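Missing here: one protein chain of the complex. Every other protein chain is in place.
Letters A, B and C name the chains as they come in the text, with residue numbers starting at 1 for each one.
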Amino acid sequence: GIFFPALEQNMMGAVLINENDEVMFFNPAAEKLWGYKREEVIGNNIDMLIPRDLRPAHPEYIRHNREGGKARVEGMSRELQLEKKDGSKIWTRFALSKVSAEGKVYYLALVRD
Amino acid sequence: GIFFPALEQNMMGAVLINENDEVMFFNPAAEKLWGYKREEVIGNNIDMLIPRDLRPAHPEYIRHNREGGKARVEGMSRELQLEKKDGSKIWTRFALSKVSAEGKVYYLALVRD
Amino acid sequence: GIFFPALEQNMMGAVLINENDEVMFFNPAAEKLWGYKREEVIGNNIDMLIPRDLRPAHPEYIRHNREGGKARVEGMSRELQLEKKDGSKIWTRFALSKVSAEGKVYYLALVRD
Partner (left out) sequence: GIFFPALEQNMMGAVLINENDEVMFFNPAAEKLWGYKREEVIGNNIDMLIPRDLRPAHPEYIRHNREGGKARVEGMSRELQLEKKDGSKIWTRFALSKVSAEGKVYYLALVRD
């Protein structure tokens, strides 16, 4: 198994959510970006990782994409402001990928900056 | 599984080389970037993916890094000019990670643009 | 002239905001999209066109971009949920351009769907 270590030790933050938008994977790089320990994120709705002023609109965007059945995801290709646990904000770059695994719709977000 | 699909179907090209600098993984995103189908890459040396005019210097950079036993990789942090099989060139963004597994040092390059 | 007619009679909604984020142009295509007649938009702030739940976050995104002096705009590259005057919502496709003229920074949004 080299794929897990590749994402686990990746320099970029990696966030993987399942079909119900729940976090199943959150690597150390991601821990440093957000300010949350992985244990505080696993199993929780992706909502807790979204900035407070985007939480109201975000769920509509995942919903729309899942209902789109399109293998292509072009979203979040720009600079986005990530809100940390302590409330401070930093600018980042996101690379979003829709992932069909175990016969379900997964999303992987690789983050940096 | 979940991790293999996360890199295989990733929007970013993914290239994994083992301890012998041989390409172990090369996703579809990477095939489009370089112009090589996976069959032409897997099992071959990393040098076939390095632009011709940088092939003379690149081996020393990976070697220097492997001998450094450091868990981090600061290199390739900026835009790199990628050269395709047909010779055309495109600018790209690289995210390089050193991956330790089963006692050996691997490298995973995530690419975009 | 030829350029004014090209945007005025364009099948795509066109919205131009000046350096003060005030709407300077709003074509008929845009009136149909939003549900606002031009008289209700021209001279007002861009926020009246931003869905209510995104109004809190949108100002920081334009500001961050203006402070970036970059000629490109990578944002809004994906489907956005537009909110009409009556409150109904429709999904749209945006094409955003930063326009430099007479020493000031303007933004032109071309919309469809």
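Operating definition for what follows: a residue touches a chain if its C-beta (ideal position, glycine included) is under 8 Å from a C-beta of that chain, and two chains touch if they have at least 3 such contacts.
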Counting the whole assembly, list the visible chains that the omitted chain makes contact with. C
Options C:10, C:44, C:45 or C:81, residue touching the unrepresented chain: C:10
Touching the hidden chain, out of C:24, C:54 or C:57, is C:24
Just the residue numbers, please: which parts of subunit C touch the chain that's not shown? 1-7, 9-12, 16, 24-25, 71-73, 95-101, 106, 108, 110, 112
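The criterion applied here is as follows: only the chains that are shown with their structure count from here on.
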For subunit B versus subunit C, what separation do you get between their C-alpha means, in angstrom? 40
Where in subunit B do residues touch two or more of the other chains? none
